[PDB]
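With the hints as your guide, set chains A, B' and A' with the ligands onto chain B.
Protein chains: 4
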Amino acid sequence: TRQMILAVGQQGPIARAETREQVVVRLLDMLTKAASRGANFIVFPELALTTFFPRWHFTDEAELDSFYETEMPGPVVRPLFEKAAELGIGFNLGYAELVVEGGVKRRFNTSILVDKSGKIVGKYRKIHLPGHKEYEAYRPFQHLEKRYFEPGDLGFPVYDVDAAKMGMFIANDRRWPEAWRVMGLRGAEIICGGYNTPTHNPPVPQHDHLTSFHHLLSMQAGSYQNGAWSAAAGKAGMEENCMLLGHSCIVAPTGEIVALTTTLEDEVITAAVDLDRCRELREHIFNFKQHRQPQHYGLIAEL
Amino acid sequence: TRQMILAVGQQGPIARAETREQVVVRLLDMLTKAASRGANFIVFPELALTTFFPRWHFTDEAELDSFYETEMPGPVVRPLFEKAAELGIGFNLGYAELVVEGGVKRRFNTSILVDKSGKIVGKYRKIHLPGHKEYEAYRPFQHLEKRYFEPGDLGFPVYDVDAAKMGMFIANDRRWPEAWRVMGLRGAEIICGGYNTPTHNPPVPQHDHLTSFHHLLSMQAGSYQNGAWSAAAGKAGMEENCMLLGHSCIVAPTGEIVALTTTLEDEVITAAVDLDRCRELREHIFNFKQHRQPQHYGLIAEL
Amino acid sequence: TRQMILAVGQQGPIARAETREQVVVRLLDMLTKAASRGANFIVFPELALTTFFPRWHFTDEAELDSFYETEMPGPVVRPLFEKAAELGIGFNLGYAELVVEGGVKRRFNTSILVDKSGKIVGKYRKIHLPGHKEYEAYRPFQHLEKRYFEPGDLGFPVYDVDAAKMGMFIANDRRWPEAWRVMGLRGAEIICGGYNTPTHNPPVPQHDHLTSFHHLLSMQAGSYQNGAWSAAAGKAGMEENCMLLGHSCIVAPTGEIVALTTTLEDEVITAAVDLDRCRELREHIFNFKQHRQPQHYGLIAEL
Amino acid sequence: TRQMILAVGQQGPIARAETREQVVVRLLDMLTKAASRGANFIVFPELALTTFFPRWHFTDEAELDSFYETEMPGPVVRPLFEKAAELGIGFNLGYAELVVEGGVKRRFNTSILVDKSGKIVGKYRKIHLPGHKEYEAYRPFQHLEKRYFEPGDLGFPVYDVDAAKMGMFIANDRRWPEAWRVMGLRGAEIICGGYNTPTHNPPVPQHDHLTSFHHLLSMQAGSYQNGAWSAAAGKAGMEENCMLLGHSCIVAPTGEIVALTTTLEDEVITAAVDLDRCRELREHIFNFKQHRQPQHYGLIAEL
Ligand SMILES: CC(C)[C@@H](NC(N)=O)C(=O)O
Ligand SMILES: CC(C)[C@@H](NC(N)=O)C(=O)O
Ligand SMILES: CC(C)[C@@H](NC(N)=O)C(=O)O
Ligand SMILES: CC(C)[C@@H](NC(N)=O)C(=O)O
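Protein chains in written order, with the authors' numbering: chain B, 1 to 303; chain A, 1 to 303; chain B', 1 to 303; chain A', 1 to 303. A prime marks a further copy of an entry chain.
So here's chain B without its partners, still in its complex pose:
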């Protein structure tokens, strides 16, 4: 019948001193809880294995590297995959990826989709990196993603995960219609990812009180206009003196929010998902083939 139960595993803060073993325990706990509630897939936050390190300027490269994964899964994260396979619940995990290619230490803000058999189905590397590249004194806390990561090199793919077409986005990506549209054009039925969104923005603080609004607006508009179910898992709460936005959510292809977290701690929410619901949009008001006039969208792709 093409139905399933989707879950979002919101994370509370992760301390700089908090170990990966300790984080995995928290992830295993949420995954198990989701499974008990019938979930077949659970979405975890962006960079969900450590504290959001981009908030600090590093001078020691060994220290910076400590926040990156060189294996996936490694012995420490392995338990999550084993449990996922055991309980038959896939997941989307975000983490910092360090890979050496041709003499270059490549760093990506990454996310992976694992199916209900514990097998990695696909990867995505954050294409829209927000923030800045150089330390900025006027900021109460940094957001050096442009310094610690390079734009993703995998485009915006859509993978078959347990009979569901799933596309991945990572945090800031959710605000760009292009990311949603490319995956929408690739037939995504579910577009999911996580985020680390401070409720304070140094560059434009006059938008602080609109942090939730902008986050939900992006999720709802993206889902609706592409007729795709969506889910966003944030890492929220006061993490290392920086308040992070909560309001993790699951959204229907109509843009209707069907599930929303209300705490700023580890929290699991779930919602029944009918993949055929996407047709109400993609076969009608948003029947791409019947209505789109791409001959007029060229500027969007100009370099």
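It is worth saying that the hints were derived from the structure and are not from the lab. Every residue, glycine too, gets a C-beta built ideally from N, C-alpha and C. Each hint should be verified, as a subset may be incorrect.
Claimed, not checked - Listed next, with one range per pair, are the computed distances between beta-carbon atoms:
{"no.": "1", "chain 1": "B'", "residue 1": "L303", "chain 2": "B", "residue 2": "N241", "range": "35 to 45 Å"}
{"no.": "2", "chain 1": "A", "residue 1": "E86", "chain 2": "B'", "residue 2": "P294", "range": "52 to 62 Å"}
{"no.": "3", "chain 1": "B'", "residue 1": "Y138", "chain 2": "B", "residue 2": "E302", "range": "54 to 64 Å"}
Unchecked claim - With the C-beta cut set under 7 Å, the calculated list includes, among others, these residues of chain B' facing chain A:
{"no.": "4", "residue": "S212"}
{"no.": "5", "residue": "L264"}
{"no.": "6", "residue": "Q290"}
This is chains A, B' and A' with the ligands only, laid out in the frame that chain B set:
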């Protein structure tokens, strides 16, 4: 000058037999009221000179042709232009455009921008035509725009209207991120247009109660993600037995709705507009040149 | 830890010819589904055993009486109670109650709370009856609740249901702050009920497009201002030619909608409920004892 | 006359040393701008003449006293009244009222209504005082209103202001359904006031990201359920190192927001107001006399 006062002139229903002279009287009234309240520009609905004729299945070309404009403006509509120049308030007027080229008729769902001097400074032709192509007996009312209009051939231009960079969308266009983005990439500070949106949709009636939601969601998301002020003028009310959506609105570049109509009759709303407000988005979170990666958006422009 | 999983069992239309046995099958199905997802309690709609008969004017008293329950549970509804006890999931059921007292045939729009042991814990009879008392020709469909029911005679009680303080409201009641406040003052941690809300209102059709908005606004404001979790189960869809509002929901004590249905058919939604969350409001911004000045609210209770 | 144009004059921060003369200049500017745009009444913030002093723990009564008004208006504030009479635009002004009775000081958080003739036609004193009573060291800023003000002693009156029945609320009051209902029962057509709402709350910081939501939710629900136009004027921005909420608004009796500010500085918004619109609610769904059952609301007035 970077400050101005924008207005929206929502229309109540226009009867099948209501003359353009009578409609012009209503338009003049709203333009006059808007100017008295400081507005120097007012947005009117899509096809603001006639009843929404695409709701009927025509069998006589002469009857169909009667709903189109062969000149803009003709003697009947000219008074609106004269008053706009007198009071110093430009406008966006929607209408059905009939052009005869070498004995061949061309039909467009059109909108024009007139500056505070009463001069036409730009035209746009609806690119995204909603509805169906053939008569469908089950529908209480049809929506045969695909038959009565050709997709626009002017692309999504942005024009300078009295020191303001303005782009035009027409009804359905507002639901397509591509329309907004093209104009966003062309630097539009204001994106505006009108609409005739029935609160009932025959093919997907399960979205009827979401009519306001989808409309406002599209306007808010479009404004926010392109950092553009926006305005949507609807023709609402029970027109020829078909209930049309109201909730005409003016929206800030943050996506915040600053003005909204509450009736289903002719109604004017105004909002102070600072063209520099756009910078809060376009020079930061949505600084296009700094964050976009167009090399990965190619699929959006593929035919 | 004072936690539980609350569910809402939205109903699709119930035909005039649809039997109670057939309705009970649908209710049993949702209750079972909820239980499988970990729900300890499920809220069903107002008058959930029959079609919304108040929409018709009856001349035959025997026919009117056919829609009322004279027993609760009777042999037909008994299965629901048995299953509730089996699976350990309580519920809130709405139905038309007919009881003869002192020679008077009393009719109430009623709802009952049954605990996880299948035992009826408390009853509530609708105090705010909307609509009219006499047949009204100008209406496309009637809403004769004032004719078929008499205002409830049990006040707005709050009962202990499996260690949770629960208050009941029935449809229109949710729009009156007095109903919420009385139960709020009685310590309700969960305020729940169901509804039959046509998306069309004959008296004031200009509010039709606001049906969802007003319903959700009432649920959110009631929850927030009383620091109570809440849930509303509607019977939606096209029932006997009258479209009924969907958007069944579960709301947190902060007023945040945590679960929302998206179809207009039988649909189950669930949300984790922490009764202590009520304290975030009732012990602070809405600490009644510390902030209320009842010496100034007298007019609210004047006859 | 049943038509008018209502305005809201939102204030940006008022410094601790900013004089009343300087504040009056800002108020005159907004009143003048509002009138030029057709407004015949403008709502100003709570304590609109000084910085929000309740944020500090005072130890000197003379310093505290300096923030209160001993006369209304005194020579400094009089110019505002004169301009209101000149331009024909009344206003709602909030301020700290200090009264000396038989050698005894009485302190109130007050608001007055002045008609378009510049005459004071009504007064209200804040009944719901938020915050705490004793100094709390952990808080970055205090909120000692319970110490610097006595709960209002005028109840929730409704006054006739230039053919409009208006009621007053002050900040926190807007979150209490009782305040709105009393004025609703007294027939208010417009319920207005101002507010100083920090976007951060020390005791319950987990609701910080919901500050706008709770504010707007309270205004929308209050208007809808009492069928009253409403307006809330906030003093927003970073005032003395404390960020205050913006989103000043004008709301229709349907609960629909018709105007909203987007900056955190002095800002004027206006909306056309039809006093008869109230009837859409008060003569139908919320026809008090026809639907209310006050005999069951007694608990709300119990001391
Ligand atoms: C900094 C914030 C604007 C950005 N955060 C992120 N992790 O990508 C976001 O778009 O959520
Ligand atoms: C029919 C409706 C869906 C469509 N109306 C329109 N005039 O384009 C719209 O997009 O508003
Ligand atoms: C008719 C509608 C206004 C009313 N319906 C109801 N069943 O009580 C309601 O308040 O939901
Ligand atoms: C402190 C805040 C919660 C309160 N402020 C206020 N001035 O009354 C308010 O209710 O807006």
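Tested hints:
| no. | hint | in the structure |
| --- | --- | --- |
| 1 | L303/B' x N241/B: 35 to 45 Å | 57 Å, violated |
| 2 | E86/A x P294/B': 52 to 62 Å | 60 Å, holds |
| 3 | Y138/B' x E302/B: 54 to 64 Å | 59 Å, holds |
| 4 | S212 | 5 Å, holds |
| 5 | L264 | 6 Å, holds |
| 6 | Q290 | 34 Å, violated |
In this structure, the earlier hints numbered 1 and 6 are contradicted, and the remaining ones agree with it.
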